[PDB]
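Take a look at this single chain in structure tokens; it is the form solved without the ligand.
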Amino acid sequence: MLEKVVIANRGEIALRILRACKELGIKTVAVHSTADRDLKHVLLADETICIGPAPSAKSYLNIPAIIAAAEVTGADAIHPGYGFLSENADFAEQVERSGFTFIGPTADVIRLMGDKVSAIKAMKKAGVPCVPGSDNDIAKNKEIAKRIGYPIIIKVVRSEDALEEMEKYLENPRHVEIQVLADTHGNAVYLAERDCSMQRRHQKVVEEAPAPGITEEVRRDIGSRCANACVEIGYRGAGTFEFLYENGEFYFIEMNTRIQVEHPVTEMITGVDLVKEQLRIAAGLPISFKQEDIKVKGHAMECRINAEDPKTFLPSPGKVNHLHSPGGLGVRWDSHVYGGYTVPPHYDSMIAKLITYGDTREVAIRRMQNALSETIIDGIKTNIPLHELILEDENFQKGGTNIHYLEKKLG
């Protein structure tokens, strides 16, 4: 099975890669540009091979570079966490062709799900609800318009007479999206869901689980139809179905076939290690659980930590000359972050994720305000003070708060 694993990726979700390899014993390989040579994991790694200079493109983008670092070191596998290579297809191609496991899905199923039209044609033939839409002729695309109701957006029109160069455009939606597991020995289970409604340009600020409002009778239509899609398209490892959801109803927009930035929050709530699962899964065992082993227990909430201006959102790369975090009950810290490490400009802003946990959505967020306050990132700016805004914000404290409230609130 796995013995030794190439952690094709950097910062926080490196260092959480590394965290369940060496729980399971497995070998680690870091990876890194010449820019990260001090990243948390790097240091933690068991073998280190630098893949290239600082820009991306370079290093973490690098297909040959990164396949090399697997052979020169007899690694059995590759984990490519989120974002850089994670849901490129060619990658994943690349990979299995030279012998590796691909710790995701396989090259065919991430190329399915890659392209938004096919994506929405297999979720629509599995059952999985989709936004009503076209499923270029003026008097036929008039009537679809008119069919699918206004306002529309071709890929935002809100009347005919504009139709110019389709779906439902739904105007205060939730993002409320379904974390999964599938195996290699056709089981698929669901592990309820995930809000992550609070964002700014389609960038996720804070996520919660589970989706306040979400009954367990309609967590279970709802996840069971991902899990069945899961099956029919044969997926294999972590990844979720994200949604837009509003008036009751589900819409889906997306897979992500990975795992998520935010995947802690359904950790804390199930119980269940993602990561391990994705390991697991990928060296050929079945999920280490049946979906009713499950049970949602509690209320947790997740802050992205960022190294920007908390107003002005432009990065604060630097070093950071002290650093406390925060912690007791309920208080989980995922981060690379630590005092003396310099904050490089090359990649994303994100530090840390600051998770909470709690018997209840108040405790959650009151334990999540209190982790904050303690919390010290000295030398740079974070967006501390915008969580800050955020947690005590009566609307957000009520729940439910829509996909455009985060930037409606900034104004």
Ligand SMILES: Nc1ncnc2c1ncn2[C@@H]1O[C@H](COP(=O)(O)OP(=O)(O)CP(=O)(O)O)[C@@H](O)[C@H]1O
Given for the second form:
There are 2 protein chains.
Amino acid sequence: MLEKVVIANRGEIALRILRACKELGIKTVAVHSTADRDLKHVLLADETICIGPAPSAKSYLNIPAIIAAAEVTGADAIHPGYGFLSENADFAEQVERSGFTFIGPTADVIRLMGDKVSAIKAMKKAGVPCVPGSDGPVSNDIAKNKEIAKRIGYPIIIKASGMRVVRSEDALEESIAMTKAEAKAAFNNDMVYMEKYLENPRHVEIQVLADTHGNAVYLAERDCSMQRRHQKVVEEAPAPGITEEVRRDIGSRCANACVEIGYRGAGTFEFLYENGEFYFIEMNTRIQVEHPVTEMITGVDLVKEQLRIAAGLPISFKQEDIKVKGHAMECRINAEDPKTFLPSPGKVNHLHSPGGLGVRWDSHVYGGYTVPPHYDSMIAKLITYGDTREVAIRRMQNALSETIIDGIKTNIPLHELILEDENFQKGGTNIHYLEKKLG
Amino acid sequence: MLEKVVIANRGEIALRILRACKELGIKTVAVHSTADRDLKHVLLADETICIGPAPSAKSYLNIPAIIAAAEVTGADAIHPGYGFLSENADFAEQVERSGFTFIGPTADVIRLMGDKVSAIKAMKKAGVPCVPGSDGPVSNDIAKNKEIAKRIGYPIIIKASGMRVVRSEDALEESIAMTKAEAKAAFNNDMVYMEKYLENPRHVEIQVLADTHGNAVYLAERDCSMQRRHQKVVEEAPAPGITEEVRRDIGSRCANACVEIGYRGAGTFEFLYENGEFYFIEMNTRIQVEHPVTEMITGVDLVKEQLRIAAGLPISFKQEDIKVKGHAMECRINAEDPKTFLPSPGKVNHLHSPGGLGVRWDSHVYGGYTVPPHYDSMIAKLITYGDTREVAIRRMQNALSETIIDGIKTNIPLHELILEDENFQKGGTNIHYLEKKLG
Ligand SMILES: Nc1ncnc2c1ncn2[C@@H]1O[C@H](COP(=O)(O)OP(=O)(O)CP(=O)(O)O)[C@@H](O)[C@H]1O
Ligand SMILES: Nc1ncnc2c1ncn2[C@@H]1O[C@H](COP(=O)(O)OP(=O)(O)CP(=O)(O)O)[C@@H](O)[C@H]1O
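Cool, the form solved without the ligand is there; where's the form deposited with the ligand bound?
Now the complete complex, all chains and molecules, led by this one.
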């Protein structure tokens, strides 16, 4: 089965994967850039290989170097984590062709859901609800396009398979002409469609697992609406307002979609959720940053399941075994200025991480560690669990109050502002809320 | 109700109590000695009061100073934690007479279970199984005593209401004479009884809660057999080998005992468990160090329940709501030499605490903190949870491997030795095992 895994990532998720591997007795190979020799998981790994200099392009995105690392160590499998190459179908393809197991879906499935028109087509076919839209690429005939846009109803948004919002017919012809011409020079792909622009939605996403035994399960949902410039700040599970009846409906549709498309591994169906209706926007064909809140409310170890699935085993439980219990919250702690959001690299002179009942800390940072400039700014994920949403929130507030990260700036002050916001405490704020509140 | 609580303790348990208070919106008063100004919970408390110089006798055992702290701050209640004054009936009595709520049982109940002959009498009356014994204090008539000892069956142990084991009648007369004469000069109490000496037992203990609404519940059990010189090192829950049928039997008997004796708050019934039978040895009438493993397998917040009960509320759930799920382990991390077990006070130059899924860390220690000489040596409790005992163990091993405490010695190496022991991995080793293994 899986005896040795290359962890083709860094930071916190690399450590999360290492922990899962070690629990399963799987040997680890940490591939790393020159700037990441001091990463906690590298220091804990069974074997280490330097795959390039600091810049991501030369290291964590270096496909030949990563595959060569699997070859020399006689590894069986490669775990891409999230970001980097995790949704690069060329990578997945090269990994399998080279005789290693890619811990993720097949390349064909990555490419399928990597294209928005084809992803949407497959979801429609599978019975997953989608944003009303052109359903297919848009013509050049502006007459047909004004007809379609009128059908859908303004405002619409033009999107390449990057986006442009149109609130009247007055503007439709140019808007389609530009998004098409600017999306064709950016990525030799002039294909664009239109769909309804939802002005007041939440971000609600369904976690799935699918195995090579033909099983697929849903693991409730997460609300990730608390965002700034499309970057998630706080996530929670379950999503406030979502009943078990609604959960079973949408969840079961996502599970069926997995089987229809030949899905394998962990994945997430993202929806815009508005006026009680779900509308599909994307499938992330990988583990995600915010997976821990789902773990806390379902009792599933999502990274362990990824490894078991990749080894050819069935998912370790059945749908009927999963029941949402309690509530969980996650704050993404970033090394950045809490007001300008400019990164804040440098030496963590002192770290004090919080603890106690219902507090989980997923972080590679340690006292004496230097946060490098070269990658993203996430340094920790603080996760709380409680019997109710109110308890999870209070526990997060207290845990943040205990957290000390000296020597660099963090966004802890932003989390504190969010957690004490009366609207957030009520729950169900939309994806625009944080930017509105920040001014 | 409870608006303000004096935390009449220190170290990790003081922090645990502070966290519960803050979650409930209860104001905190940290009473502390001069040596504990730098304790994490003191730094987080709403109000602080110095109750004396470093030595415990002059501070944490200073009854007038602690009560005076409650008086001046206009506190409502005092939480004694464990150790110190938590099972001092004189303290409980003075706290209630002074108009404060003692977060614990009534003084009369403390004194009742604080005496072994009367504790045993009450348990017998309540239907809790006890070690076969004289049932009452022993005569002076050695004839009657040889009759009783013969009934019970050697080896017996003489115990003052400290202990002396007798393996033949040859020795019985003196043995009873001495334990009686050495227990009367030590604590003006010459009262001694005899009971069966169990040579091969495990330490299995049942957690209860009882409220002022007449409810009492049991929360499964813990195995605390891994001990050195009667000091617990590793605890787990549930106890290996214990079926749900057996759990309900013994558990329900403990719950009834609570109601029969007028119990209030959290408590623990300790048993020696041998050849499939339970034998009562003591009731701890307080929260215990190892409470977290029970929290992890039942989903109950035991310190929050203590506070709710003390405020006059019912226990927040019913017996039928509790079901054991998974398995949990706790390692007591002490600042001590891992071989000589001599304390190791001094400055923690660097702390790195472990994390991830299923890892809980309950500790007041932080980088830069100096562990003082004046109190016990416990610096942290590392707690893991898993679906199975095997997973909890592997997770504990990995978490220990990640743990760094620089500047002082710890017993982490002892925990590592224990966790990889094949007999411990099988489970069910007796209370003598660790001393035997250590030689
Ligand atoms: N029909 C619609 N109506 C309103 N907002 C929409 C929309 N379609 C997309 N959006 C918003 O624009 C975002 C699209 O982002 P984009 O497709 O460029 O990559 P992304 O990374 O931000 C989303 P993902 O997390 O799936 O990668 C969505 O997250 C959504 O918030
Ligand atoms: N009948 C018996 N047979 C065998 N061992 C016994 C016994 N009675 C007591 N013991 C052992 O001697 C110990 C008694 O310890 P003692 O009563 O002096 O205070 P203690 O603090 O060690 C127990 P506790 O944790 O309840 O305070 C028990 O823990 C038990 O291991």
